[PDB]
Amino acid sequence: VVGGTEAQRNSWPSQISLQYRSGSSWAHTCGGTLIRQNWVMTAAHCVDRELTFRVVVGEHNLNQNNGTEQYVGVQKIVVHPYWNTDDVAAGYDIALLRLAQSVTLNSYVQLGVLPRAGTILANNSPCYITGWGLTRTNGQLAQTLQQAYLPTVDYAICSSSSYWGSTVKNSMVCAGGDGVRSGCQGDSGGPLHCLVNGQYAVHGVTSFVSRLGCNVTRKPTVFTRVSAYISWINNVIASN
């Protein structure tokens, strides 16, 4: 997250860190959202590589013991069947991870609530992106979980020629694009939390930014629209 602020450690208890085994250690690669005690929602592109993955819930500082972490292996990966890794712009950038164990819930570990199917945010709706991704274009990962305020940019605007044009689909949410605040590499797969009727819900799964940089004016961060995938999510969980 470029232009973020440190999150309070109990603000976003559905945020997870998806990590891969790297020699004798583990490295953060992506975010995700805990949606059942044994299921995480992330981006498909995060699990394209043939790596050994684990999920960390209750994480705050990737570089220090927080006293709240639970570590759990990924047992099964179910990518959306229409995902195509060389065409992120087509959409379908979503995957579900079944965890090897069910995590224990507490003030640091909670299920993300999802929007009702079909819900579309009005332009300029208030949202936060969260993650441990790069803090500058071509920078380094955050240590502590970051948040940035990214209001939505509706389809009519986002798909206009000075924004994303044809690359943005109605199955995506755009947010930000002010040139200061954005998602960045390492935030992929994590949540966009939007405040609706008094309650934050996870409306987005972070999918892509501009090849020209993270915080680029009129290139809002693009997220998979969770509300387009409610039936898919329910169908996967019920058949696994």
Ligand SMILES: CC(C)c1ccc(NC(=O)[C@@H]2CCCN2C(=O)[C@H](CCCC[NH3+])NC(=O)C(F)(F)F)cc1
Second form
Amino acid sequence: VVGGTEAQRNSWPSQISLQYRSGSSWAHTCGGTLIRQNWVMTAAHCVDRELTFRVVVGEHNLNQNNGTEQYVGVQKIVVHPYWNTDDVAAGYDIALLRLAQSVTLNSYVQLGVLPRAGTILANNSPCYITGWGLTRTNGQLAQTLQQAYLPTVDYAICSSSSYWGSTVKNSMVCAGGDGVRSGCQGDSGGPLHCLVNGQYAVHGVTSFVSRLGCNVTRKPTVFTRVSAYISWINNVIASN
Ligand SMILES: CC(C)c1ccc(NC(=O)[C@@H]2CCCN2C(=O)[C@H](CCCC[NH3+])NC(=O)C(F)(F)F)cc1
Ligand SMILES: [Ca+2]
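Switch from the form solved without this ligand to the form solved in complex with this ligand and give that structure.
The complete assembly is shown below, putting the previous chain first.
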């Protein structure tokens, strides 16, 4: 997250860190959202490489013991049937990970609230992006979970020429674009939390930024619109 601030430990309890095994250690690659005790939602581009993955829930500082972490293996990956690695701009950047065990819920580990199917946010709706990604374009990962206020930019403005044009589809949410705050590499797969009827719900899965940089004026961070995939999510949970 570029232009963020450090989050409190208990503010975003559905946030997970998706890590892969690197030698004898584990490295953070992507965010995700816990949606059932044994299911995580993330971006399909995060699991394109056939690596050994684990999920950490109750995480706050990547590099030091918080006393709240639970570490569980990924047992099954289900990416959307229409995902194409060679075209993230086509959409369908979403995958569901079945965990090897059920995690225990407590004040650090809670399920993410999903929107109702078809829900579209009005322009400039208040949302927060959270993650441990790069704090600058071509920078380094955050040690502690970061958050930034990222108001939505509706489809009509975001698909205009001055912004993303044709690259953004209606199956996506755009948020930010002020040149200061944005998602950045390592935030992918994580939540865009938006306040709807007094409740924060996860309306976006972070998908991409400009190849020119993370915080680029009129290139908002783009998210998979979760409310476009509610039937698919439920059909995968109910059969696996
Ligand atoms: C035009 C469309 C196909 C397109 C639009 C933007 C990009 N973005 C990029 O190439 C930038 C710089 C490196 C990582 N990156 C990205 O945007 C990658 C996901 C893209 C996967 C591409 N196969 N995601 C992120 O960095 C983020 F911010 F979500 F955490 C790539 C392609
Ligand atoms: Ca830790």
